Amino acid sequence: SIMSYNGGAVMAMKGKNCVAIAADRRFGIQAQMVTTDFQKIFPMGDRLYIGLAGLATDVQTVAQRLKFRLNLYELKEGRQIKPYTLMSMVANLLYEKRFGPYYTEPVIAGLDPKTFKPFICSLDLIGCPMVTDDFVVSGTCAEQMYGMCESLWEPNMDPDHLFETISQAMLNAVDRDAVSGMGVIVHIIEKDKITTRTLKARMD
Amino acid sequence: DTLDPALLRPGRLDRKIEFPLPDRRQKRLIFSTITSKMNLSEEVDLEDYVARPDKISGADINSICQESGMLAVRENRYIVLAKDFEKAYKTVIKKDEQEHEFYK
Amino acid sequence: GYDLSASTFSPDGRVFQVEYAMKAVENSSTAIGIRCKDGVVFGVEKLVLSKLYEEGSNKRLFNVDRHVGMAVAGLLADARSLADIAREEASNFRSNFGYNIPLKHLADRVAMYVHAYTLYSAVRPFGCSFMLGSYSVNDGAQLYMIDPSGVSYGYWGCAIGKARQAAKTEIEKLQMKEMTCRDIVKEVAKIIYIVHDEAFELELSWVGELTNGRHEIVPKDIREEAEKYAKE
Amino acid sequence: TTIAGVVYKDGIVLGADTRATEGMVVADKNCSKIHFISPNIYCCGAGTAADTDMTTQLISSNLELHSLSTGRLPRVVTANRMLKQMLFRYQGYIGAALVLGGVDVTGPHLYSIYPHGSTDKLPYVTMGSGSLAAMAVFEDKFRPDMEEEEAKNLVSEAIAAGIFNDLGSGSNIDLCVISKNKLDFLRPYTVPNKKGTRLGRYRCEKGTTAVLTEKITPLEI
Amino acid sequence: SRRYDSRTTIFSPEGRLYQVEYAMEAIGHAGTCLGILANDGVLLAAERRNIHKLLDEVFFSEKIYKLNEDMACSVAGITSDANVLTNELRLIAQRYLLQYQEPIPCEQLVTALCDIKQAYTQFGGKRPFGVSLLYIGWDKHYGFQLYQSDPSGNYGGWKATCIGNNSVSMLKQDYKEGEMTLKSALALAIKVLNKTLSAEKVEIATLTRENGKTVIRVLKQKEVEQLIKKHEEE
Amino acid sequence: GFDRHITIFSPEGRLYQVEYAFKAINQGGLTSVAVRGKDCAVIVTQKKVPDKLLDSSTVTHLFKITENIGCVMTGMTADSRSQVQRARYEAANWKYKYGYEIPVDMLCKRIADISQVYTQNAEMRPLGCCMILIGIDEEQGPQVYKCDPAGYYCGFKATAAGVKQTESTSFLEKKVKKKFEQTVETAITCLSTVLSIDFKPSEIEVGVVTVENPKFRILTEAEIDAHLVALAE
Amino acid sequence: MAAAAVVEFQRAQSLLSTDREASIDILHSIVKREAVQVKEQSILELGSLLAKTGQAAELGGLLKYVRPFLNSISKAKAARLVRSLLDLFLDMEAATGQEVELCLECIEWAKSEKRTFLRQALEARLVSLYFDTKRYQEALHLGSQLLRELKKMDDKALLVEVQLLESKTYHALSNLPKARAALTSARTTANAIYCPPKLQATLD
Amino acid sequence: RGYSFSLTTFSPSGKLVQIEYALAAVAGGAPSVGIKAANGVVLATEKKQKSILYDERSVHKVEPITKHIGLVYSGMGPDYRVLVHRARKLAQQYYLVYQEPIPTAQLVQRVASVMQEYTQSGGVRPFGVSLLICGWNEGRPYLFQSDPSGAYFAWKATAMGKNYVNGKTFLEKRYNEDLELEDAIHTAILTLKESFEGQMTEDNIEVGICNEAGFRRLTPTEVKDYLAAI
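Chains as they are written, first to last, in full-length UniProt numbering: chain Z, 2 to 205; chain E, 315 to 418; chain A, 7 to 204, 209 to 242; chain D, 44 to 264; chain P, 2 to 168, 172 to 200, 206 to 243; chain W, 8 to 186, 191 to 244; chain X, 1 to 33, 41 to 211; chain H, 4 to 233.
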């Protein structure tokens, strides 16, 4: 395939007023790992992280393109971006290049900038909003990150339990994959903190 | 507008009286007077033609009211009822202007 | 200087680049067209300058679509231009809709062409009045006449040119409705010889039941038969 | 995707199952397939999950621009013809087998839009794969000129018959009832599919993690 | 038609440009908003339109416009044109990021805007952009810096230059070029504006930083009532 | 400079081209008065043939936009057919683009809007003809509209258009404050009381629409002759 | 609407001009059991019919006038209803002690819907109310309350009339602390408005 | 076709000659008031036709931009209708890309952006319509005014059209920061009542409010209702 080129696997899940987005720090060709540090969780707002997976030139291409149109939007009308509106904007970024699309499925994780009501979203290749109140999953190893993290997620979780469950879901999900893994990264977005952390994984 | 700018100078005049080309609260009194020296048969209305306030002297009030009576001389009538009032007014009730739609 | 541009009105609403084009066909020769029940007969005055020009040096009875005609008045360059785009217009109708072009639609089409060409300072108006004319088997002898303003009217005996002040009177006194076109070909010379008040080497063409929806320069015999309306 | 819609004496009743399955795995278990266009026109959607979204945002936006240009309420014929002509000139590359219905000044009626641009005025329509699982229950128990309550029960039985024996099944049925005076866009009508339950708690507290490097960043002050 | 064109792109017989120096006289009718830099950051100091109550709230004013995290601009002259161009130049800033992943060192931006504004006075037959707007900014290359431009097209580093009416000569007898200590730059700003005053009829805005990232403050209300009582004599 | 040359603003407003284009619609003057019936929008206009050499059937104003909308225009007749052809174009374009046949109001909005972009851009003159146009939709009654050469459509009961507009609208205003499907004392009598000819049935063109039959119908000398001999009360 | 919410709906159409005695307290059966203009014009023309017979507009007007009643009756219908109904309370009454609290309930009631101008409307008609029933002591005081708001607002919009009325209150008893000052002050503010001959001739 | 040279240009004084003529054509327009209020606005205007002959339910001056934003003008007739056409189109571009009703401030950004290039760009004269904007946009209502130059300002009250100095001074006199619902309508009615040229007919005025549930025109039975409650 062409989605299985660089691997990559991001997810996001929420309990209480925190969310949790998580990627796998890995980049390379089908068999080769040319680096370990690779930015997949791109900050857009203060508390609104977009995370991308799939083909790496599309995740940097529409990551920087989305920082372009997003940054110019909050410059044209001064406020932090409402995250539903950013979901609409990546929905009209992946679309309108439908023919020969971008090979990425960006998830969007974060908080309303004034009521702090969390949500998480996922999109497909050509851009379809999947609003979700449970968890979203993107990348090559999709159904593991489903499957298992549908078997773990309980509702209404404080950041240390959500911390722990997205840690286990990422580690045991990407361990059961070839082209993903080798050290993962977890951003917890509270209503006052960004608990950014890495996780020592089965790095093999 | 061209009188002289030395005909006043507080000594030769010391005053100036504007005459207004009257409006709503006065126009009613002009119609009340000029109709008060005529024969009316109360089919007339007063404030209907005080309404449409548009650019009248008192002289053309005497023209539309005098013209109302003279247009009642057609049927050799000693009064005026409905049309000679409205009739003369519309005929020479300012024989119109030239609006100008869009702007306005 | 409210003149010299077709996109500028007068202070009483009269676009002077149109009425200056209208006198620009009033300083050119006549071309009369007479309708009757079997078709429309044209006749054009010619003002042959020198002996150097031969017969039909400038065509002024063009044809367009194998049945409608082009008695023109003004500038022959402009009249020839709208003649050939009338040819292209009936070409697009016959190619597009199959059915042979009814003349009312062609006169409205060329009419709005030369009218929509008088709304811009980036073009001049045309300087050529002209008239059409034909009949289909169920149309009637339709003819229309078009000014440089772009207005097109259906006529019976319209006449454009310099001496149209004279020419409209005889066509009005001629019996209009019920005669069978051959006589009026002959009678056209009487109008042309009256209105020419000074080589008058005239030229005629028609469409009729002797033609079945066509055009011919006369065939050539009435040129030595309607020439015998000298001394009137 | 199993979808459907039935006209009846007052109006129409649309309806869809709520599950979007990319590949052979459900990506999302609860999505609206009954899209707004207008306060009197709801469409539906099947085929490509994004193309229906974008074509009904475009015809929704362009249509209500049209309606507030006219001033009156927009008719449902012009939604049919804008979806037909705009969906045709992309030669069927957009896969959007959507149906749309509306109550308007002429009468309550619905159309179906195949992804190549072929439109059908019908009393009852079914797009998606679940068409086949929900057309037969419009052929034994459908009656013309029927009352609203058993039409709602009819469309719920149709979509519910697209749930139980199709692999483009849905979690739960939502259906809109568009009448002359009131619109009733109700999200889920019945939920015939519970989650079940789990057995046994799993996690410890501040354990079961291989933390390599923490990093804390405050936000407010 | 050639009778109708204003012929903006014509040299005078004296060699100058008629439609350009008419924009320079458009600045002197409406225009304020000096700018002072220090060893620390740079500030604009501005004036609103009039005393007319009837004005509810400006998020940013009609004067100070944000452009990046590390730049801002203020505007003189015709306010209808410059709004357009500042959104225009804002686009330029972001696309430099898209081309380079740098925060656009501000001289690149001023050069780009002055090239397109020069292009409107070069050809096209249109009127030039009647605004002598100016810029404040920071890059990692140079220090805190402000630039100033005009509808002609040229620009410069103009360390304390004001725009609009009543022309800056007092500042070129008062500015200490070595060190300035930005609180005293506020004091000099309210000195100059005190000669040419709460935030009903003033609009002062500073650019500073903390730990590397720049901070653009618009100097909310009560700070102006602090500095307006920071005088006795001046 | 060029205030009375180009469609631009003069001092004190008052761009001097649209009222120079209003004076263009009074050129010659063949004059329409439109009558509205709670169930029948009749059309009246006067039409004079010069010399009994014109074909009287071909000269008209009275155009047909579609099967439900008729129109009549009193401007300079060169600019008339360029305007009515675009109205036919936008009617058929509405029926192809938005389904149902176009209702009468936003047709006049749209030709008012292209007349606006005539009087907004330079290098084109605002063409001098105003479109009295009638028509019936399903929802409301019969309507009538007139876009001017400036683009200001109003929504009328009973205006008029051409030479003697003010006398006509004064007569209609004096003869509508009293309260008419027959329209026998209103439609023709506006013309015969304004300009005093008391017409034979040749020179008058009448175009009706009715709620019972919304197809636009141009009448002939038989039925307009009965309509004229009905003025014997 | 219940089964007997619209049962006698036509009775406030025929009995508007049937007889002056056939709907004395008979329309009250409509009032205290389509219905918003029939009910509002029932209070308006029932109250006008009882303000034609003379007394029962404020008696049965009190029987309809307790007001835990209206919030959303097309709010300007509450303006015209309360305005003209209180105009019938003021314009003519039977029992003299009544209308003091009938208009006071409209002052504290006009505090409730926050209608600022209706307050000073019924305060002008309320100082006019206290002068007619010879209160002479705190019509003074509410006249001092009225000028404080008028001063804040456009000068003497109606406080020419209120100032005229409190100027009528003193001369019943009092001296020069009004006599020339407040009356002439009302004249100074009385040459700057459209004056009807009622107010200007009453000031004469 | 076309000109591609600007007819709006700089005076030798240093100002735009066409734009001050556009503000003259606005100042000769029909008077219109607009009052920002603590929960919602009111934008009243005056529809005086030539005679009592026209359909007063046919043309509007209060008319929304598609969600909750109405806009009322003063000046040229159909140039307004072009600005409504462009404004509805810009609001629908914004709605199809960002999936929310447009913030009022951004709509005034884009309407002032489209009115600018008609002060430039090829033979077009500027519009000469200084329409004013309303809008509820989240939390607190907004109000603006796009001049035919292209500037815009937000406030608490304004007037425009004929004798607007009396409207600005009179609204400066009678305004309170909490003055919120139908009292604003009241003072709007007695701002148009100030001149009106006579008798204050309900068919000759129309108002529009933004009472936290979308901009909506007021039915003619509601204006006459408060005209009964004057």
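Source of the hints: derived by calculation from the structure; they are not laboratory data. Check before you lean on any hint, since a few could be wrong.
[What the hints assert, rightly or not] Derived DEER-like restraints, expressed as beta-carbon distance ranges: (1) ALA5/X with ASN42/H: 44 to 50 Å; (2) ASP57/P with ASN166/H: 40 to 46 Å; (3) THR36/Z with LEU262/D: 42 to 48 Å; (4) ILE200/X with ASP57/P: 28 to 34 Å; (5) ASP25/X with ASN42/H: 54 to 60 Å; (6) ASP139/X with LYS225/D: 33 to 39 Å.
[As the list claims (entries may be wrong)] Heads up, simulated DSS-like pairs for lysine-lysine below, C-alpha to C-alpha not over 27 Å straight-line: (7) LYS418/E with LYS165/H; (8) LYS408/E with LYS185/W; (9) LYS351/E with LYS330/E; (10) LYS45/W with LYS179/A; (11) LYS185/W with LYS110/A; (12) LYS408/E with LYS165/H; (13) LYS121/X with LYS59/X.
Virtual Cβ for every residue (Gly too), placed ideally from N, Cα, C.
Hints and how they fare:
no. : hint                               : in the structure
1   : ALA5/X with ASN42/H: 44 to 50 Å    : 32 Å, violated
2   : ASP57/P with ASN166/H: 40 to 46 Å  : 24 Å, violated
3   : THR36/Z with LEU262/D: 42 to 48 Å  : 30 Å, violated
4   : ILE200/X with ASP57/P: 28 to 34 Å  : 30 Å, holds
5   : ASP25/X with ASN42/H: 54 to 60 Å   : 41 Å, violated
6   : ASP139/X with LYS225/D: 33 to 39 Å : 54 Å, violated
7   : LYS418/E with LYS165/H             : 9 Å, holds
8   : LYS408/E with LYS185/W             : 23 Å, holds
9   : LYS351/E with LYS330/E             : 31 Å, violated
10  : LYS45/W with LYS179/A              : 49 Å, violated
11  : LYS185/W with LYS110/A             : 45 Å, violated
12  : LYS408/E with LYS165/H             : 23 Å, holds
13  : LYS121/X with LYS59/X              : 32 Å, violated
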